[PDB]
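Undergrad: Here's the letter readout for the chains.
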Amino acid sequence: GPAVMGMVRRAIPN
Amino acid sequence: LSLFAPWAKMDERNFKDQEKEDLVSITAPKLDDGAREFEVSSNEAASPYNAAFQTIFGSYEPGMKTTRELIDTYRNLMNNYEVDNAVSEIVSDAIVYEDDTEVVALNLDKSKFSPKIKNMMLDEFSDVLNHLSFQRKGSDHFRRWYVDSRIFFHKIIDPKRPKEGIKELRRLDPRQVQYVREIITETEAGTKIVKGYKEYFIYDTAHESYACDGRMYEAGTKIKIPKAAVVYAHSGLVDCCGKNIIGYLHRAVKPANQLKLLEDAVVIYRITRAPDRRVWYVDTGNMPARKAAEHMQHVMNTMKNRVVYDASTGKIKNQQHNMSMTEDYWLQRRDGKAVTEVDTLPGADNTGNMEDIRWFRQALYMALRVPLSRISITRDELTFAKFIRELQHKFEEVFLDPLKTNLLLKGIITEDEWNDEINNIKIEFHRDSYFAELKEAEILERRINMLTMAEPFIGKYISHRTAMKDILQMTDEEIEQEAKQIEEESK
Amino acid sequence: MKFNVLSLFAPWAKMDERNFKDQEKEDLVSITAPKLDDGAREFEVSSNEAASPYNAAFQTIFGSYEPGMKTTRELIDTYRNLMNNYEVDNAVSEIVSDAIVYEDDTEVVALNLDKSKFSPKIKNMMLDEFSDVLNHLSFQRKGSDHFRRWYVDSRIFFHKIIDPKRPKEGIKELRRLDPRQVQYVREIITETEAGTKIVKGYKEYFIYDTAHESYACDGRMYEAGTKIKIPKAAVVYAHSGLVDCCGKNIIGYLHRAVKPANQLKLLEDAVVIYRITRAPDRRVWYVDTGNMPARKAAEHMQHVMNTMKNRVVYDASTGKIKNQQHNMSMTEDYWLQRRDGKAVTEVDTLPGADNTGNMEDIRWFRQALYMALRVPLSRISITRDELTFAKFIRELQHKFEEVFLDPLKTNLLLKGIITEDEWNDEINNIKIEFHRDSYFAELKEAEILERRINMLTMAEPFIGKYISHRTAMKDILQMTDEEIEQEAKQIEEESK
Amino acid sequence: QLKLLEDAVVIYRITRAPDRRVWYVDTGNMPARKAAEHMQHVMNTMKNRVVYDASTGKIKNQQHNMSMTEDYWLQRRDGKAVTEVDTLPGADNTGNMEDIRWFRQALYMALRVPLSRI
Amino acid sequence: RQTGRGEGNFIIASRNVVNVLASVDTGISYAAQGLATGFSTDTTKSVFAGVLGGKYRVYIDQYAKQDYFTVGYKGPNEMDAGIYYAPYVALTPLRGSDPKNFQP
Amino acid sequence: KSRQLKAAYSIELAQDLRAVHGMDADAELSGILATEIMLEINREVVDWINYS
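Residue numbers (the deposited numbering), protein chains in the order written: chain A, 92 to 105; chain B, 6 to 380, 395 to 510; chain C, 1 to 380, 395 to 510; chain D, 263 to 380; chain E, 366 to 469; chain F, 262 to 313.
Just chain A, with the same shape it has in the complex:
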């Protein structure tokens, strides 16, 4: 049960 350090999602371009 390792800590979750966060998640990233690919950014949306303008």
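Since the hints were derived computationally from the structure, they do not count as laboratory data.
Any given hint could turn out to be false.
[Stated by the list, open to error] Here are the simulated DSBU-like cross-link-like pairs (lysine-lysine), alpha carbons at most 35 Å apart as the crow flies:
no., chain 1, residue 1, chain 2, residue 2
1, C, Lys165, B, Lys197
2, C, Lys423, B, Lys25
3, B, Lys21, C, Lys142
4, B, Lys35, C, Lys142
5, C, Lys172, C, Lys142
6, C, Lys123, C, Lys405
7, D, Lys265, C, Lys405
8, B, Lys70, C, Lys70
9, C, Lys165, E, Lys420
10, D, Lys309, C, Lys309
11, C, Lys248, F, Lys267
12, C, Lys14, E, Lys410
13, B, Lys14, B, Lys115
14, B, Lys413, B, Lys21
15, B, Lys413, B, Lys197
16, B, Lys35, C, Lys229
17, B, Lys172, C, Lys142
18, C, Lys165, C, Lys229
19, C, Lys172, B, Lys248
20, B, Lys117, B, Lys445
21, C, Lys309, C, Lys320
22, B, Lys21, B, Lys248
23, C, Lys259, D, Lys309
24, B, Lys123, B, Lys413
25, C, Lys248, B, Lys197
26, C, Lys142, B, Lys142
27, B, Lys445, C, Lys123
28, C, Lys35, C, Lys115
29, C, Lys172, B, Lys35
30, F, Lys267, C, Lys229
31, B, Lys197, C, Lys229
32, B, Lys203, C, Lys172
33, C, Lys320, B, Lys320
34, B, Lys405, C, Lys445
35, C, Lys259, D, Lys265
36, B, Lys25, C, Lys172
37, B, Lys248, B, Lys142
[Unchecked claim] Listing some non-contacts, in silico: residues in chain B with all C-beta distances to chain D over 12 Å:
no., residue
38, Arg41
39, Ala51
40, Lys203
Positions of the beta carbon are idealized from the N, C-alpha and C atoms, including for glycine.
With chain A held as given, fit chains B, C, D, E and F onto it using these hints.
TA: Chains B, C, D, E and F only, in chain A's frame:
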């Protein structure tokens, strides 16, 4: 963009003045409370008009989400029994007017630069109220403040005739409005200078998607808002961190529902098991599994409680004749064994003590920031009145702001003059005349009685001037004037 | 504790440096213990400190606070969490309300220079300076907020701003510093045979714990920096003499309430849970699924479990039960089919939320907490309890008062209005009076007067025979002799 | 001793407040890692995951709003009424919180104060 | 172009690179060179030399083996950095003695 | 992944160092160790960046 050009100009001048000013070389941000902050590049500005999005996303992400949840929660708390009431009672005491009375209004009874300004300010204050439509909506705006924790409005400039094209305000939708401030500097590890911050506002710009009813998610774009463009103020209530602004109703976030949940538990406890309770069972042994059920099913069509209640009419559906004196059931036993029986079940026994909810309700009531006078003059009522006094003062910014603004936009006051006059250019208001009279009456009764007691000594040990100023509580000026009137009447 | 060129703090360090040199010339010697009552956390330092490299500077300062700050940070957070809860918050509110009183068209806390001074001109400058201190704080509107934070946090500190090009009028507005980042230390700058027993000038520098590496529960919008060394003269600050058994473990006014406050919350939670849990019906179905592998046994289990299960979700928005029409069942009827003459398939119900309280202990604990919070017995005439509370407020305010006295004397000295010696020779008395609520003050005075009047009306038959009027006036009506003469003069005039 | 008595009252009121129950199953003549399945099929399935949140006026994972009934079961693999779940005694209301008053008053006298104080 | 999150906003470089940056103009001009003043080149006072054009954070790699620079991007997030330090324990003191002789 | 260092200074040295220069021979060492650790972290970070 160009919409806010005149507002930007106000802020641009202010900001440049903040840089020129010597309120610099401060370790801490120069702020007690207010806007969420962010550190920036240290230059004056990045080239593009919308460059701020570069710092905006960062500064609002979790803020915007949290705020949304808190406001909706606050609104949900308000939706509950007696919460709406406590709030309403507060709103009523805070926003006060009666038949042919004044409404909150500017009272320039202190030193001013000129009586000409005094009249202009008062004349325009009227429009400050008209632009809120205070006389009809005062209580709505106030209610929102209390519950949502704050109020914001969009300010309008013509823009070609800024001194004339001054229009009605547009309250902004909470949860979509955030206040931010940038640290526009860097030094040898830990900048302390020209932290003017600009203090602008950002906005979600979405009016189609809502928590209960909405649709059409679009590409988005967060955008605009110089400080100058927004009327705003908020309660000085912040949590242990950030700029997490607290509504006055926030406290209720705990007890309101520990009570509501318990109250439901009480309702549930009594209803569940209110109906009769039993398990009927048929021994279908020594039968094929696919046939055994048939015996059970036939028995169940004789032992069936085809007795549903009629709530529309307090009777039992189709239970003629008038009333049986008994319920006759039976079942033959497969063997001489304690297998075939009826299993009755226990009910919702009335063992309470239904008092804990009284405690919880009283706790909530108190938690709602109300006097114990609700469900003469006391310390409790006076404290509450002070509370209302403070709420009114904080709220007050909603009028002082657009007042200030209109006066400077029109060139009829120097901003600095306004800053010197206030200090005190406060707006005053009508107070419940009934209770005000009673308060004053009791005060006089006490003073009258004390003077009466003093009587035998006020020509011997206590002077009349003294009895009037210390016992009757009159000022020297009042004493001379009352005496003058007495002399005139005796003529 | 400087260890750096301070482009910002040198203008104040210079005052402290001069003060320190005078301390070196003082006779505050032969004292084993440092001459410290309260405040900043001290560290043992040599008389020379000739090198002062970073590695030493770090530990010299770090060494007096590491566990201090950890503890302090927890106390503050606790204090805030405590402040934000029901029937804690209210204690704070009443105290804040009486400590800082505001009223329609009245004064606010104000400096009262009714004692000897060189000139009324100085008195006026001091009174005006006081007003500017308040203007900087916007005390007349927010004084109660600054006070509240102090009372709860036990302390408050503010950043001073100095030009410094033209420092006499180069005095600018204060900025409240953030507790949990704010730290305060002191040095014992001495060492001799068997431990220093000579003068310790302390230096008294403000530092921060930065809070870079350690993220807030949320909202870590600003970190205070690491290598920060701010001289005492640069910070306005007040705190109360509330300390634990050792060191400088300064605690808040609500500290005493920490134990019972948290305790009460647990007790209340226990009641809320005890009552809600078990409230609905509760029953376990048991199915005879023997002589089968689980893969098959489960079907017969399901023949009861998914047929007996009550699809009875409560409508929590509107007081209704979902999917229960016609209007109301007159029964909760269940049924079973038994495969053989064996009572194995059955239901066994569970105990419910049996409401036996009468949760009286909660009331006891509530009252205990109110007492822990310094709430008058009068809250939830003149009594000793109410007066005691007023005495508390008087002392509370006097401690708070330093928040005005610091920048006031500082500015007066910076402006060249009062010299350092003159300030100390005259003060002694620089007393600031707090505004009081006239409603209650009048009632207090009225009772006292009624008692005085009644006594005199009883004394009357012999005040021309055994006791003089003068005496009756000084002992019964509690008048001073000049008061008596003044009242006599006014009466003689009124008589005509 | 007063503080100790107070703690005794406090512990009494908190301990045993929540619902307490033990799920019991027969697992004889089974491998230890097979025996576990009989228990796991009940223990990890009949858990009440709904929890009152002490930090806010809400119940964790409550949705549905609130069932009017708590539905649970145990299978009986043997041809007998073998398996079952028991509850434990809860935090019943027994005070009568009178000892604290006694001790509190005795203490005050021990504190060298007048009886006029409360 | 490659991260999709933002343009480089810092650079760490050898002393020689920064010495050049501090001795030249960086704004738009005809030509520009003189005594180095633009950035601090003295690592004694700080690794951080200054901000290039108000756009990039300039630092010195005091241990460059020969002479280079590295440019990169770090966003408002922590993941959006490429590289991350995630402490679980830090600068925790160790304290005791050897009981045999009580040396610390 | 972890890291750690020891100084474990003697008594006599510290007593004498204080007698000679007023220095602790504890706090200074502590500083050196903590610093060395941070120096490595700083360098580690930079090298990883340059590596990657």
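Undergrad: Need the status of pair C:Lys172, B:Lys248: alpha-carbon distance at most 35 Å?
TA: 25 Å, holds
Undergrad: Between C:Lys165 and E:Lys420, does the CA-CA distance stay at or below 35 Å?
TA: 31 Å, holds
Undergrad: Would you check the hint for B:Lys70 and C:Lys70, treating anything up to 35 Å between C-alpha atoms as holding?
TA: 31 Å, holds
Undergrad: Taking only the CA atoms, is the gap from C:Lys172 to C:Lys142 under or equal to 35 Å?
TA: Satisfied, since the Cα-Cα distance of roughly 18 Å is no more than 35 Å.
Undergrad: Do the alpha carbons of B:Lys413 and B:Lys21 lie within 35 Å of each other, as the hint requires?
TA: Roughly 28 Å separates the two Cα atoms, so the pair holds.
Undergrad: Under the criterion that the straight-line Cα-Cα distance not exceed 35 Å, is the pair B:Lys197, C:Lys229 satisfied?
TA: Since the Cα atoms of B:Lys197 and C:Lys229 sit roughly 14 Å apart, the hinted pair holds (cutoff 35 Å).
Undergrad: Quickly compare the C-alpha distance for B:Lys445 and C:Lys123 to 35 Å and report which way the hint goes.
TA: Within the cut-off at roughly 30 Å; holds.
Undergrad: Tell me if the straight-line CA distance from C:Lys248 to F:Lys267 falls inside 35 Å.
TA: 30 Å, holds
Undergrad: With the threshold set at 35 Å, check whether the alpha-carbon distance from B:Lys117 to B:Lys445 stays at or below it.
TA: 12 Å, holds
Undergrad: Take the C-alpha atoms of B:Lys35 and C:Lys142, compute the straight-line distance between them, and say whether it is at most 35 Å.
TA: 15 Å, holds
Undergrad: Check whether the Cα positions of C:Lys142 and B:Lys142 lie no farther apart than 35 Å.
TA: 28 Å, holds
Undergrad: For C:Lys35 and C:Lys115, compute the direct alpha-carbon distance and say whether it is at most 35 Å.
TA: Holds, at about 31 Å.
Violated hints for the displayed structure: none, as all numbered hints are satisfied.
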